[PDB]
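2 protein chains.
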Amino acid sequence: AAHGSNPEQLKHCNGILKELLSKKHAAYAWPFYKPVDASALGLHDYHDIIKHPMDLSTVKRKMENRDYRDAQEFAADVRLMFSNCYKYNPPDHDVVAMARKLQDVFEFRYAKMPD
Amino acid sequence: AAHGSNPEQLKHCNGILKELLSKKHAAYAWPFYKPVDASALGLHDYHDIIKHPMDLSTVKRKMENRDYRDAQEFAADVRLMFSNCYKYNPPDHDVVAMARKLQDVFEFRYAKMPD
Ligand SMILES: O=c1nc(Nc2cccc(Cl)c2)oc2cc(Cl)oc(=O)c12
Ligand SMILES: O=c1nc(Nc2cccc(Cl)c2)oc2cc(Cl)oc(=O)c12
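Here the protein sequences come in this chain order: A and A'. A prime marks a further copy of an entry chain. Mapping of the first sequence onto the entry's author numbering: residues 341 to 455, in sequence order. Mapping of the second sequence onto the entry's author numbering: residues 341 to 455, in sequence order.
Quick caveat, the hints were computed from the structure, so don't treat them as lab data. Mixed in with the good hints, there may be bad ones.
Since the list can't tell identical chains apart, any single copy or any two copies may satisfy a pair.
Pairs of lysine to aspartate or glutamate, DMTMM-like flavour, derived with a Cα cap of 25 Å [what the hints assert, rightly or not]:
no.: 1; residue 1: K402; residue 2: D434
no.: 2; residue 1: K452; residue 2: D417
no.: 3; residue 1: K363; residue 2: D385
no.: 4; residue 1: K452; residue 2: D434
no.: 5; residue 1: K427; residue 2: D455
no.: 6; residue 1: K364; residue 2: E404
no.: 7; residue 1: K363; residue 2: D395
no.: 8; residue 1: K427; residue 2: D417
no.: 9; residue 1: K391; residue 2: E348
no.: 10; residue 1: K374; residue 2: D455
no.: 11; residue 1: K363; residue 2: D388
no.: 12; residue 1: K364; residue 2: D432
no.: 13; residue 1: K427; residue 2: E348
no.: 14; residue 1: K358; residue 2: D388
no.: 15; residue 1: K391; residue 2: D377
no.: 16; residue 1: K400; residue 2: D432
no.: 17; residue 1: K351; residue 2: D432
no.: 18; residue 1: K402; residue 2: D432
no.: 19; residue 1: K351; residue 2: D377
no.: 20; residue 1: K427; residue 2: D444
no.: 21; residue 1: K364; residue 2: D388
no.: 22; residue 1: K363; residue 2: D455
no.: 23; residue 1: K358; residue 2: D385
no.: 24; residue 1: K364; residue 2: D385
no.: 25; residue 1: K452; residue 2: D385
no.: 26; residue 1: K452; residue 2: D432
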């Protein structure tokens with residue numbers, strides 16, 4: 341159901357995406373810039389636990405390829421990225437605190453979606 | 341695409357839903373128990389700002405009526421509820437702090453989804 345709102349809402353999503361990637365948030369966004377390299381980090385159970393990896397460079401490639409048909413699809417991916425982090429890591433890990441901070445940035449601006 | 345996982349994942353979702361409704365979290369979940377009554381609260385702009393209201397009693401009715409076909413649909417509704425709160429209220433409002441606490445409960449247990 342391609343709504344006329346979809347392109348305008350996808351622009352807002354792209355703006356959020358640019359912000360998450362910006363230096364404003366780099367101190368806590370950086371773990372999510374690129375796909376988790378499980379072997380390089382010694383996390384040999386990561387791909388058994390996480391069945392759908394996601395990261396901001398993948399979200400960016402999808403946006404640039406016009407893969408997302410609506411804001412909801414884009415939001416599901418960004419939230420999947422954070423969920424994977426909450427699934428794999430103990431709740432008191434530093435990367436979890438970073439994920440919650442970035443997700444806070446994401447959720448509050450996603451909530452400002454034009455409609 | 342009804343996967344064989346969908347009913348088992350929908351059980352996990354129903355467990356999350358029961359937990360969000362439980363007395364364990366009542367001190368911060370209560371604003372989300374029932375649909376926002378905008379007139380009763382004097383929020384005469386609420387339904388201009390919020391185009392898709394959502395609350396836990398609606399999520400519960402949908403679950404009981406077998407409206408959700410998958411965990412993703414259920415998660416989109418719960419997150420919509422929180423997003424509506426972040427959209428309408430100033431970020432330093434008490435209800436926003438409550439929403440973030442409840443959403444924390446939701447996201448960390450949603451991340452434990454069987455798969
Ligand atoms: O989201 C994650 N991002 C990262 N980034 C990362 C961390 C250290 C070095 C480099 Cl090059 C990248 O690593 C993770 C490790 C674990 Cl255990 O879980 C995760 O969810 C993530
Ligand atoms: O989610 C919300 N839940 C509530 N509950 C609520 C608040 C006071 C009394 C009663 Cl009976 C219910 O009120 C809200 C007011 C505003 Cl401004 O925004 C909101 O998002 C919400």
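Status of each hint after checking the structure:
{"no.": "1", "hint": "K402 to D434", "in the structure": "neither (28 Å within a copy, 37 Å between copies)"}
{"no.": "2", "hint": "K452 to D417", "in the structure": "both (18 Å within a copy, 17 Å between copies)"}
{"no.": "3", "hint": "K363 to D385", "in the structure": "neither (31 Å within a copy, 36 Å between copies)"}
{"no.": "4", "hint": "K452 to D434", "in the structure": "between (28 Å within a copy, 19 Å between copies)"}
{"no.": "5", "hint": "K427 to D455", "in the structure": "between (32 Å within a copy, 11 Å between copies)"}
{"no.": "6", "hint": "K364 to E404", "in the structure": "within (22 Å within a copy, 44 Å between copies)"}
{"no.": "7", "hint": "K363 to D395", "in the structure": "within (17 Å within a copy, 36 Å between copies)"}
{"no.": "8", "hint": "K427 to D417", "in the structure": "both (15 Å within a copy, 20 Å between copies)"}
{"no.": "9", "hint": "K391 to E348", "in the structure": "between (31 Å within a copy, 16 Å between copies)"}
{"no.": "10", "hint": "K374 to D455", "in the structure": "between (31 Å within a copy, 24 Å between copies)"}
{"no.": "11", "hint": "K363 to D388", "in the structure": "neither (32 Å within a copy, 35 Å between copies)"}
{"no.": "12", "hint": "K364 to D432", "in the structure": "both (24 Å within a copy, 21 Å between copies)"}
{"no.": "13", "hint": "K427 to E348", "in the structure": "between (32 Å within a copy, 18 Å between copies)"}
{"no.": "14", "hint": "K358 to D388", "in the structure": "neither (31 Å within a copy, 28 Å between copies)"}
{"no.": "15", "hint": "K391 to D377", "in the structure": "within (14 Å within a copy, 40 Å between copies)"}
{"no.": "16", "hint": "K400 to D432", "in the structure": "neither (29 Å within a copy, 31 Å between copies)"}
{"no.": "17", "hint": "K351 to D432", "in the structure": "neither (35 Å within a copy, 27 Å between copies)"}
{"no.": "18", "hint": "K402 to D432", "in the structure": "neither (31 Å within a copy, 34 Å between copies)"}
{"no.": "19", "hint": "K351 to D377", "in the structure": "neither (30 Å within a copy, 32 Å between copies)"}
{"no.": "20", "hint": "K427 to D444", "in the structure": "both (18 Å within a copy, 13 Å between copies)"}
{"no.": "21", "hint": "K364 to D388", "in the structure": "neither (33 Å within a copy, 32 Å between copies)"}
{"no.": "22", "hint": "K363 to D455", "in the structure": "neither (28 Å within a copy, 35 Å between copies)"}
{"no.": "23", "hint": "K358 to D385", "in the structure": "neither (31 Å within a copy, 31 Å between copies)"}
{"no.": "24", "hint": "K364 to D385", "in the structure": "neither (32 Å within a copy, 33 Å between copies)"}
{"no.": "25", "hint": "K452 to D385", "in the structure": "between (37 Å within a copy, 15 Å between copies)"}
{"no.": "26", "hint": "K452 to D432", "in the structure": "between (30 Å within a copy, 16 Å between copies)"}
In this structure, the earlier hints numbered 1, 3, 11, 14, 16, 17, 18, 19, 21, 22, 23, 24 are contradicted, and the remaining ones agree with it.
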